[PDB]
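The chain below stands alone, shown as C-alpha cells; this is the form deposited in one PDB entry.
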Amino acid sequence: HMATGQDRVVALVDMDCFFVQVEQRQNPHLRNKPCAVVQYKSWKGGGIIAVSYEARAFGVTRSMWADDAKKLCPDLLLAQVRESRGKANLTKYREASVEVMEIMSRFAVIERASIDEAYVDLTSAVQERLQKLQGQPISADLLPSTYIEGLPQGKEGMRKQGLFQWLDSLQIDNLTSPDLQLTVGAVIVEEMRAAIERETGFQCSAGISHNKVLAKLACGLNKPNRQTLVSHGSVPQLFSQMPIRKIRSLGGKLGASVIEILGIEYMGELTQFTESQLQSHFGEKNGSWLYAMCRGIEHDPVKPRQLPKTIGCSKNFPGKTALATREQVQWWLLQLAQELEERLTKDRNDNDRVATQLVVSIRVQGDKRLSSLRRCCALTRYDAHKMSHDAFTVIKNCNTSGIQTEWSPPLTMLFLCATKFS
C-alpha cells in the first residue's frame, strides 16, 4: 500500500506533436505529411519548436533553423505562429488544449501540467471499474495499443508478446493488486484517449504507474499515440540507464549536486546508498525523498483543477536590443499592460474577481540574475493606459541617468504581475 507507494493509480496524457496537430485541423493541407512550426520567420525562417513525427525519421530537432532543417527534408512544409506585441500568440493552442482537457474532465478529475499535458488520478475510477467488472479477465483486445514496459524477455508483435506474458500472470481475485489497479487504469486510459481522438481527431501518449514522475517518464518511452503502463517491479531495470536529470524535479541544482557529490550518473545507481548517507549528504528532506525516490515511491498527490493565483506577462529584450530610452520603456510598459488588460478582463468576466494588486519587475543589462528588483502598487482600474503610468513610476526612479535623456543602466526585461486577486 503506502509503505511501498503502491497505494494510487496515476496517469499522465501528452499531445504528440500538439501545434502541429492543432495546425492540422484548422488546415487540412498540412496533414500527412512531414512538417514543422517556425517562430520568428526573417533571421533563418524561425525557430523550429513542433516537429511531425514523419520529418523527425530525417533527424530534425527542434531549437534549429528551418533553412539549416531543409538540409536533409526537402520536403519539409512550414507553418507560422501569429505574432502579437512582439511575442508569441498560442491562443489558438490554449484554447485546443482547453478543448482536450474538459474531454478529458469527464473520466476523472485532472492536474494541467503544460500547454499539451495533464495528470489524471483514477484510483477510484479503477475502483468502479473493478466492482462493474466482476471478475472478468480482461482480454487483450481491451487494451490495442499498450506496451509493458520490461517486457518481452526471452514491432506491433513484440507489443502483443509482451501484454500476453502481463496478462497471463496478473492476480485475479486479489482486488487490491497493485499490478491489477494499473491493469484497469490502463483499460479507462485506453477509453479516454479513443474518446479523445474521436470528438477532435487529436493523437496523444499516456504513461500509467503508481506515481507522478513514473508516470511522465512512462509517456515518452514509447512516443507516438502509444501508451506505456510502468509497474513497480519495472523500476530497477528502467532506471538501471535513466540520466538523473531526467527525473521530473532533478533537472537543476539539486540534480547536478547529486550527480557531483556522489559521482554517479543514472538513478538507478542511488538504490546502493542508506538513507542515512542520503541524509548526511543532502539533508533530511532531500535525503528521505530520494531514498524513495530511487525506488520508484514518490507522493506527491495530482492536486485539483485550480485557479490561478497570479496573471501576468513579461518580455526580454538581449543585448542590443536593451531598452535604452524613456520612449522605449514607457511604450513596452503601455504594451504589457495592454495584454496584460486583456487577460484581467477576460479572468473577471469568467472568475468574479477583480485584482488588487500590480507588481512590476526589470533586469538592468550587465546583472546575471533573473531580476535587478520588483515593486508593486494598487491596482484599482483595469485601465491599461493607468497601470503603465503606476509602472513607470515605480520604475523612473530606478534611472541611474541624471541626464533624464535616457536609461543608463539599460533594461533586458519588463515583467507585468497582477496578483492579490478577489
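Residue numbers count along the first chain shown, from 1. We call the rigid core whatever largest set of C-alpha positions still superposes within 1.5 Å between the two forms. First, how it differs from the form deposited in another entry.
Only one of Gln80, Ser124, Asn351, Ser114 has its Cα shifted by 2 Å or more between these two forms after fitting on the core, and that residue is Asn351. The rigid-core alignment places the CA of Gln306 2 Å or more apart between these two forms.
With the core held fixed, the Cα of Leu167 is displaced between these two forms by less than 2 Å. With the core held fixed between these two forms, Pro137 has its Cα displaced by under 2 Å.
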Given for the second form:
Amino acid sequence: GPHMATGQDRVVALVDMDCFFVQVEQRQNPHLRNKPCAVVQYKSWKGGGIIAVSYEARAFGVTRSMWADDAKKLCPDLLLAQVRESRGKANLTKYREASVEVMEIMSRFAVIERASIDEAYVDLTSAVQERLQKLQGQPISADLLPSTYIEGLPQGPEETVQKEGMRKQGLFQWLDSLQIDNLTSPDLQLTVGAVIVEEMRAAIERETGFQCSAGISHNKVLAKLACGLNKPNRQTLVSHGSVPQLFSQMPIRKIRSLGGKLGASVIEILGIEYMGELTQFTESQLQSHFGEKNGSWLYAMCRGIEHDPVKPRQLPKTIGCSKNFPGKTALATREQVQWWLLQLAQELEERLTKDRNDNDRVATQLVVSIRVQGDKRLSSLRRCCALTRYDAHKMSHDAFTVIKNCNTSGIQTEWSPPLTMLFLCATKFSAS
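Alright, leaving the form deposited in one PDB entry aside, put up the form deposited in another entry.
One chain, no partners, no other molecules: that is all that follows.
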C-alpha cells in the first residue's frame, strides 16, 4: 500500500566499455578499426588464448576463453593483437592506464565505483536533482537521448521494421507519457539520468575515442542488467515499472551474483526458472533455504529492489601479479620457483611505486598464493606477510619464506608437487 517501499530512491548507472581491450588496441592501430579482431595473450599454445572480441568478430562466433587457432576456423580474416609480455609474463599496463583515462572523465559528472578495469557504477541521484532545477519544468526532447532504449517499449499500436525505428517508437511513447510537472517522479528522474549518461558517454568518446554501453535504473543490479540489454554503443533505461514483464522471462542466472552455485540452488530447490517466479515465496521461506542475507536480498530483488550503495571508490583496493604454469610447464625446481617469484615481485614493485606517487598511499600487506599440481581449486594455499618496503628482492624472498614449507620433496633442490600458479597481491592500503 502507502507504506510499501519501492526502491526508487536513487538513480544509478552501470557503464561498460565495449570490448575494452580491443578498443584500446584499435585506437593505437587504425588498421584494426571496424574489423573482426580480438586480443590474445601468448601464441605458442594453439595460437594463444582470446580474452576480448570485437562485435564484428562475435558475429562469427568468436568468444573469449577460445583458442586463437580455433577462432580462426570460424573467422579466417580475424585480426589479432597480442598482450604485451614483460619479464616472461602478460603485462596489462596499457589497459590499466587506458581505464584511468575513462574513470577520470566519468568522475567529472558523478561519483563512481570502479567495479573492474572496464566498468564502473555511477550514482546520479544528486546530479539528476541539480539538472531538474535548470530544466524549470521544461519537457525532455528525444534529441537529448539519441542512443537510449526504453525496455518494454514500444507496445500496443510500417517503419516498425528496422531497429532504429523501434528504438524511437519506444522512446516517444515514454516521453509522451512523462509527467514533467512532478520533480519527485522516479520515471522523470531515471529519464534525466539517461540524459546525463548520454553526455558522459559523449564526453568519453570525444576525449578518448572509446565507445561504451550503459544501463540506467534505481539500483546497481537493475542498472547492470539493463546495460547488457542493448549493446554495443547504446544505453538502456529500465524503469521500476518495467520490472514485472522483464523478470517474467528472465532466467535466474542473468541477474548478477546468481550466475553460479546459488542461482543453481534457487532453481533446483524452488523448481523455478525465471526471476519473477521468486515473488511467490515469503521472505522467511527464502531465508530458510538460502540463509538470512540472501533470503532478504532475493525477496527484495525479484521485486526490483536493492539497497547496495555505489561506493565512492575510483582506485582498485588491491594490486596483484599472477601467472599460471599449466600442463608440462609446471614449476618443479627451486631455482624455477624463486626466479618467477622474482619476476612477479619485480612487476609488483614497479606498479606499487607508481601507485604511491600517483595516489598518495602505500600497501601494507603482501598476500602470497600458490596452486599445486592436481588441485582443482584456483588456490591451494594463501599466506600473508608484512609489506614494509617496496623492494622486489625482499618481497620475492618473503614470499618464498611463507611457502617454502609446501615443498614435499626430500631433496632441497627439487619441488613437489609441481606448482601450477604463483600469485602476489598487495593489499591493506594506508594514506602517505
